[PDB]
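Asker: Single-letter residue listing:
Number of protein chains: 2
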Amino acid sequence: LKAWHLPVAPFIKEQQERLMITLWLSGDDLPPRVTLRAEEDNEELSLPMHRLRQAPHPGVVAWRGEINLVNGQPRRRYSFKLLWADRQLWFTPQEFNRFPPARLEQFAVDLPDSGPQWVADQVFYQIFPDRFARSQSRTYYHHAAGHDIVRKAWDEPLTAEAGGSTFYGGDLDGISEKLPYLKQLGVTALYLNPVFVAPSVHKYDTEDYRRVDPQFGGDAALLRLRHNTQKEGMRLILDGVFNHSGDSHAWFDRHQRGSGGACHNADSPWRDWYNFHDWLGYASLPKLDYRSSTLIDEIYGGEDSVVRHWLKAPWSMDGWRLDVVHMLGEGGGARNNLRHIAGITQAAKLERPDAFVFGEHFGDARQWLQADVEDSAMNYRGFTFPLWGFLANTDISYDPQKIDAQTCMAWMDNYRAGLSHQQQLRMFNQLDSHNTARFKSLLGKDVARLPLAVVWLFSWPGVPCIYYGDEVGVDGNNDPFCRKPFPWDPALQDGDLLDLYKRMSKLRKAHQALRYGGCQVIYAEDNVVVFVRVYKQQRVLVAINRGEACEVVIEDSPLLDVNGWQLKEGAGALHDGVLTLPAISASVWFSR
Amino acid sequence: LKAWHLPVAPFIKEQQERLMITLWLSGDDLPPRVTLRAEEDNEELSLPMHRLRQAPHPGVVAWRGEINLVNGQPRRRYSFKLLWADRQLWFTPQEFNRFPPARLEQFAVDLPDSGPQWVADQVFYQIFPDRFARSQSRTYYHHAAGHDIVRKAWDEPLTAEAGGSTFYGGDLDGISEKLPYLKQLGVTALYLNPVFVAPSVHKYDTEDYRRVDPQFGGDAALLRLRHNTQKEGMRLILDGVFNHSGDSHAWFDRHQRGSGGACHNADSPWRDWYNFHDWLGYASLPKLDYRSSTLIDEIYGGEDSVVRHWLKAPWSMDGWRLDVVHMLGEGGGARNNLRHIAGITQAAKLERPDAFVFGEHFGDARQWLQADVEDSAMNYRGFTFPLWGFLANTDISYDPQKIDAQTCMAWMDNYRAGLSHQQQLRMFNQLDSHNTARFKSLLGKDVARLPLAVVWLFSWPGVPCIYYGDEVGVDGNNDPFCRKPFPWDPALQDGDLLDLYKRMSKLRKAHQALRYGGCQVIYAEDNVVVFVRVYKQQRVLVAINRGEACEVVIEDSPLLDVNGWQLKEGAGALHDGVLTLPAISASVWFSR
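Quick mapping for you: the protein sequence lines, in order, are chains A and A'. A prime marks a further copy of an entry chain.
Just so we're aligned: the first sequence equals residues 2 to 139, 146 to 283, 290 to 605 in the deposited numbering.
Just so we're aligned: the second sequence equals residues 2 to 139, 146 to 283, 290 to 605 in the deposited numbering.
Note that these hints are calculated values from the structure, not bench results.
Just so it is clear, CB atoms sit at the ideal spot from N, CA and C, and this is done for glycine as well.
A couple of the hints might just be wrong.
[Unchecked claim] Straight-line distance between alpha carbons at most 30 Å, and here's what the computed BS3-like set of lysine-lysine pairs gives:
id, chain 1, residue 1, chain 2, residue 2
1, A', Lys-190, A', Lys-325
2, A', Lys-549, A', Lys-522
3, A, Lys-3, A', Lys-549
4, A', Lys-549, A, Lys-415
5, A, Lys-3, A, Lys-14
6, A, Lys-190, A, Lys-415
[To be verified] Anything over 10 Å on all C-beta distances counts as not near chain A; from chain A', calculated:
id, residue
7, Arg-19
8, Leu-70
9, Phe-100
10, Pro-101
11, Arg-158
12, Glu-316
13, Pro-464
14, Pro-500
15, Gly-508
16, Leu-587
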């Protein structure tokens with residue numbers, strides 16, 4: 002028995018106020034009945050399906066039913082109940098199921114889709130401002152550190168000493184001046200590490216949420232960057248650090264810069280915004302207690318709360334990346350975390366309907382996402398760590414990892430199963446960031462697998478994000494060594510890798526299936542993954558081989574039943590259902 | 002490689018402000034390291050484990066770590082990360098996992114447990130009042152029906168005609184007078200179908216939430232029932248119907264009994280409590302719109318809201334069973350359903366800390382339960398439907414079902430995995446109710462399997478509930494035929510089945526493991542399920558065989574490493590790791 006369904010055309014079709022669902026079957030003992038199990042206001046429905054007279058592909062039977070769109074919540078969950086005289090069988094995002102699937106792991110499609118529909122069209126670039134680029138025009148005491156800040160020149164090797172107080176001096180006009188490079192790279196969107204006033208070099212120790220830090224060029228340099236990105240048709244996302252403030256913030260004020268700080272005044276106007290508690294034992298980052306209704310008003314509840322402030326004119330940012338999104342809450346811990354993250358997102362959409370709000374989740378984010386308290390997550394669990402395992406033999410803890418393609422794809426498809434198709438397309442996929450080792454370093458001896466990850470990064474459902482300098486081969490161990498200054502000297506740049514990034518953003522820009530398509534894994538065994546993106550009549554086929562050269566047979570699939578295959582990247586070759594794959598390669602084909 | 006862990010003594014032990022966790026391993030290639038992966042405020046922790054010098058059982062290595070209880074939310078989630086030089090492996094509630102388990106399918110234990118700790122000690126009995134018993138002392148027009156109500160005598164066969172308007176005349180004093188029978192049966196707790204003023208016989212079409220219906224004996228008969236249950240040390244749960252009112256309710260008033268009803272007055276004081290919408294097309298049950306802040310105040314927000322009213326003196330009920338818990342919400346559908354169900358539960362605990370609030374869930378309730386918006390669910394997905402499938406070859410839709418023991422237990426263990434141990438113990442398990450066919454009828458030709466379900470009902474983690482008359486062999490198809498009058502004539506009673514129920518409540522009352530224990534499935538193949546309940550040093554072993562007689566080998570398990578086994582029910586025999594099981598039997602052993 003075989004089945005196929007993806008939550009996208011040609012399997013679904015919205016028509017007037019109905020959602021038509023089509024299922025494909027093939028095999029020797031087909032169910033005489035099939036029920037469309039679909040949810041309407043959490044109530045499970047048994048919707049009849051009827052056989053289509055016309056076979057869509059050789060040897061394949063189509064069944065068709067409809068969901069009524071006039072009622073029910075926007076998220077349409079559904080799966081397929083196959084019925085014989087004596088037994089049943091479920092068809093799900095995770096293949097066949099002998100017992101009923103989890104309600105929250107069915108196919109799902111958001112109609113109407115109220116999410117940020119622009120995210121799927123983007124290519125994101127993450128910038129640690131101090132380390133990217135100095136503008137052409139181009146010291147104090149760090150109280151949380153034990154010393155004055157250190158200023159190095161752009162060519163000085165990074166060291167472990169005073170990592171959080173060493174400034175190489177990149178700024179926001181330097182990003183503006185580098186916009187032509189980013190457009191050449193294919194970037195359409197920037198995510199910036201924190202830029203607000205804060206004594207550290209990374210600036211997650213926020214002192215003033217209302218003012219850009221002078222060291223990066225100040226308010227005027229951020230306004231300019233907003234003007235220039237808008238002019239280049241580029242999106243801008245700022246780092247939203249709301250779980251905790253900095254201890255030099257006027258609200259807390261460990262160092263007595265004022266007289267009303269909460270750290271040294273039981274009568275402080277902000278005494279209740281704190282607990283007398291931080292972010293895992295770090296005295297420079299006192300945690301904010303969202304039990305206080307005035308704190309809620311200051312961060313998101315109020316009209317000029319911080320979340321909304323940087324979203325309305327003149328700042329008009331396109332959204333927020335939420336630092337430590339999972340621990341934010343009341344009473345010193347995560348109590349009522351979900352409610353508050355929803356509040357933040359809700360306030361953002363109030364100020365800007367298409368605001369993109371996504372959270373940093375190193376863990377399993379499905380509960381946040383499955384309750385719509387945010388649009389997306391930095392997809393470490395659904396994308397990054399599977400690749401660290403399959404390609405790099407390691408994980409978040411730098412514990413060894415021995416997973417084959419079956420496990421890797423079970424892992425990846427299991428995670429997506431909890432997500433609607435619209436959610437899957439705007440998941441924030443990346444290979445590393447300011448918080449991790451450079452993926453290139455993590456490969457160790459298998460660094461030649463790095464182009465494979467780059468191709469995968471652009472073809473797996475979700476929006477891709479480059480950590481600055483990945484494109485030119487920057488490496489380094491974890492924080493502080495993953496924040497090397499960007500090498501603008503092309504002699505210190507991997508030009509081939511740079512061109513791979515450039516072409517992948519071109520493929521993605523060229524082909525709707527890489528931006529809007531469903532995704533069906535087609536072969537996953539040992540060293541070889543093969544999946545296809547699928548959208549209307551177009552198909553994009555992707556074949557990844559992490560090991561020695563090999564040949565792999567590809568059974569006839571009605572998904573792969575096209576005119577022909579145009580090779581667009583990589584050295585693989587497909588002929589008569591035979592994939593010839595060179596060692597350590599990735600290939601992409603379009604359908605003709 | 003083998004592993005064992007249950008979220009209960011002897012594997013866990015609370016000590017000062019630490020939660021000690023012990024893992025058992027056995028095999029040829031044991032990991033030299035094991036990490037306790039445990040969550041603290043959603044942040045994943047890697048807690049070292051250390052090998053215990055003393056082997057707990059032959060051939061078995063124990064690892065021990067600790068969770069710090071002083072911080073973090075009350076629900077302590079955790080799993081086990083096994084580490085070799087080159088690879089890792091996860092040990093979970095669902096066995097080994099090659100990729101990381103879902104955060105919400107780890108082991109979990111609520112410390113402190115703020116739930117209703119009495120629920121686990123209970124045996125529940127569900128009564129459809131009109132059909133249970135008439136008190137010794139012992146017609147109008149039904150506007151939603153098309154006719155006057157019909158009154159039949161206790162011996163008249165039930166018919167499909169006017170099912171919702173036919174009254175056999177049972178009342179609440181009749182329950183009071185039958186308390187000795189229920190105590191003899193082993194019942195400690197009653198769940199009553201709706202009793203408030205309503206024209207129908209089932210009374211889910213509520214007309215007045217503040218008054219008991221005269222037909223059942225009125226307010227005074229419910230007060231008496233509250234007095235008598237309290238006197239007998241029995242708990243009382245009323246049916247909470249808050250998704251919708253009745254169309255004869257003063258708020259709606261389809262039949263113009265007043266002048267300010269919302270049905271025929273745009274200016275009605277309750278116009279916004281409705282939508283101009291019901292419960293799936295039924296005109297007698299107009300759905301309540303929880304967008305209205307005054308409605309929220311009337312049902313649960315206010316001090317004398319309905320939810321709280323029947324919980325404070327003189328009514329002092331022990332909680333609420335929530336009818337249609339999954340569809341309640343705003344704007345005519347389920348919008349913001351989770352928030353409102355939490356509000357209901359929250360208001361209940363405000364009035365009574367140990368209030369039991371659980372919802373009728375015919376579907377997958379894990380999202381409600383995993384966010385603590387209710388204490389428990391009528392466990393159709395985790396208990397009832399697995400047994401309808403494995404034992405009765407059918408399901409909610411009366412579609413055929415061909416599942417073996419492997420699938421049945423995968424199904425049951427998968428569902429529990431999403432639930433903490435405390436949640437699992439108070440899940441509301443039953444075999445049928447007013448909304449379903451009688452389980453006895455559902456067995457068709459395999460009715461001899463019925464004692465198997467009864468034993469299972471009392472030994473699977475969760476609180477068991479008898480639908481009135483199941484104990485004496487009542488059968489019948491679905492509504493209206495599942496509401497036969499109870500046969501008090503012992504000549505029309507299955508006395509053997511009655512005695513099976515009586516002994517099972519005795520076993521459960523006798524043995525802590527049947528009320529507080531973990532549960533490990535030990536063998537599950539074809540016709541045979543074998544699981545053990547586990548608590549401190551005691552073990553209760555349960556062996557179910559739905560088919561012909563057979564023998565089954567039971568590998569040595571350190572869980573089954575006890576002095577000896579005392580057979581307490583059934584005709585099975587265990588000797589030298591050999592289970593001899595008679596056809597269509599269930600057996601229970603205690604450890605000596």
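Asker: It remains to establish, for every hint, whether it holds in the given structure.
Answerer: Verification of the hints:
no., hint, in the structure
1, A':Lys-190 x A':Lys-325, "holds, 26 Å"
2, A':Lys-549 x A':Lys-522, "holds, 17 Å"
3, A:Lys-3 x A':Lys-549, "violated, 48 Å"
4, A':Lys-549 x A:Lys-415, "violated, 37 Å"
5, A:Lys-3 x A:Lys-14, "holds, 22 Å"
6, A:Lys-190 x A:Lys-415, "violated, 38 Å"
7, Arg-19, "holds, 18 Å"
8, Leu-70, "holds, 12 Å"
9, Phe-100, "violated, 4 Å"
10, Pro-101, "violated, 7 Å"
11, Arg-158, "holds, 34 Å"
12, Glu-316, "holds, 21 Å"
13, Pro-464, "holds, 24 Å"
14, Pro-500, "holds, 34 Å"
15, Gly-508, "holds, 35 Å"
16, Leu-587, "holds, 29 Å"
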